[PDB]
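Only one chain is included here, represented as structure tokens and corresponding to the form deposited in one PDB entry.
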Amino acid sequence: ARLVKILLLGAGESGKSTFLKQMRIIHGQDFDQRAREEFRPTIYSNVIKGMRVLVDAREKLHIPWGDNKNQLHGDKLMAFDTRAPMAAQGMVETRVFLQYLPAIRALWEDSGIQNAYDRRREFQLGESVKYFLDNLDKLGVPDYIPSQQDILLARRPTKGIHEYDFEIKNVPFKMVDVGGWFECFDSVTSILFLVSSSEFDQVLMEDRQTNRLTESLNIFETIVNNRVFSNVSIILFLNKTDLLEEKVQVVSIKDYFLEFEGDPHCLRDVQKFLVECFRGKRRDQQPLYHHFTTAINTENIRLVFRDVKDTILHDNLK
């Protein structure tokens, strides 16, 4: 009754897992040393895969090496057994990571690899890679304990369902992340719908016909127009705002969405257009609650959730 049930919905990589971690950070029990420890294998895997993508890129993009001696380290990492039990699970043990760390460190120092990194628009590199590559100092310490920020940036896909249960001032929340469905649809108070707002110029890896924003808009359409959710507060999170702010400076959304009007290099104009894209998916209304978020930024999410909490209670009361 007093229980607020919130679903997190949105395509994969939209920031749902990261939002759940922020709830634990902000309103729950912060990860203790053993909890943080469990992330270490994922972080190491994120780094190994990222550098593997970068060595593969500069090769396939024909960028010349910075120092030609790094070929050896490129080969070293291209020979990493992805197939193996642990690695196939998106996990790399400490001892294994430390075997590669010298190659990784030398490769990130390379101007050719730095060049490859700059042309990342041209291939698929995980959001966390540069953050961890610049943090090779601390990951490489024999008893590295991941920090809060490291855990937020650690990328592991969600295959099933995650839940975190927390209270704010004796108000209990049940928050459920359904990966990117109909079984958790029961007794829902609010839906937070996460969008990677910076992916307007990307297609689905498994379906190059489909624009990633288009894929998000179509998912949203099926939710927002379902009668089952008529009394449910639906709140749009245009996430990855830090990335959208960078991308608008260099890419024009008009090239992708012919309906855009305004200045495509103006973040505010682009955000206005995205909001209108989602609003326009609804068949029978005229407020779509929305926030421009950066799910990895704890201070942002603190403010946003404060606002969302008020929205839900104002609505969920009335």
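Positions refer to the first chain, counted from 1. Think of the rigid core as the biggest set of C-alphas that the two forms share within 1.5 Å after superposition. What changes on going to the form deposited in another entry:
- When the two forms are overlaid on the rigid core, CA displacement between the two forms of 2 Å or more is confined, within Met175, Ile113, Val92, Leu152, to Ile113.
- Taking the rigid core as fixed, one finds a CA shift for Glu122 of 2 Å or more between the two forms.
- If you fit the rigid core between the two forms, you'll see the Cα of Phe260 move by less than 2 angstroms.
- Put the two forms on the same core and the Cα of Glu59 is off by 2 Å or more between the two forms.
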Contents of the next structure:
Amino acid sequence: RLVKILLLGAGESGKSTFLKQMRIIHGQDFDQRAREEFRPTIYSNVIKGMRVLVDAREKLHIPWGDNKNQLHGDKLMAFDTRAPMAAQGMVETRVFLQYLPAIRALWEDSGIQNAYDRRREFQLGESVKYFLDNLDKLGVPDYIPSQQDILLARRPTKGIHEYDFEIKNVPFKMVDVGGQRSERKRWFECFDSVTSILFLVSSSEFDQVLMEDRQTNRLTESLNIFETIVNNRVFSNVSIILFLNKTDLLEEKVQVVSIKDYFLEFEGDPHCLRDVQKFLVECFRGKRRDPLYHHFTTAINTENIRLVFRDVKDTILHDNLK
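I've shown you the form deposited in one PDB entry. Could you give me the structure of the form deposited in another entry?
Partners and other molecules omitted; one chain follows.
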């Protein structure tokens, strides 16, 4: 009598963030304690991201905004990301404060801002900027991550995790897996007795390549993962819902980059959010060999996810009927 929902998708598609919204909306949410557990992760996010920005400034040959910052850049590439704590994506507060000055100055350097604008050439999460723009609140000694910071915190998922919750006597078991190519080898261990599959796709990564090989287009990879999944007979009697996520990031992106420059099979106004969403929808629908539900979400917007999941919930129930 349990409703078993699979969260599937490529790496960084919003799977865990969707699961945190479930907890917020249909669970006990996160209190000061729960949220305070994300601080180490958020500090790891900032430090490691700045170090990528600094390394990219040098390797891309982008002039410093201010040459004196070459010193901080160095104090940053000196951070040992392989030390025991940092290797688990955790940084202690007092360590974080020691680097705050070098980081805050670095973020103000116009040359670091230039590397950022060209992130599609290397590997970075858009969330670092959110946190970089909020250093004044992470700088406070008594810093406690807001609910918003918790949803933006970035922690790569590895393995299989289950989250049981309830929505009016109905029992729900939500399975969260990793999306990297190496984590996918594990998916098959949670395929049985599945009720539905929520398939997350970052609609904004059409101008990006994979972390696994730095060559494969990120949207191209989702299309292919979706193809193997939407055509597996093990799911023939399982509803599959598509979540074109990060819609907020796609809105910003279609203004500065043309998807036409990546998918020549595209037609229409590349700078029109509506035309790009139509195309993305057509590409996924086009992968089915022979009932495709979809929503445009922004997993970090609690209110957006509440409306959407309400609709997904009645879909997963009325379909499980036949």
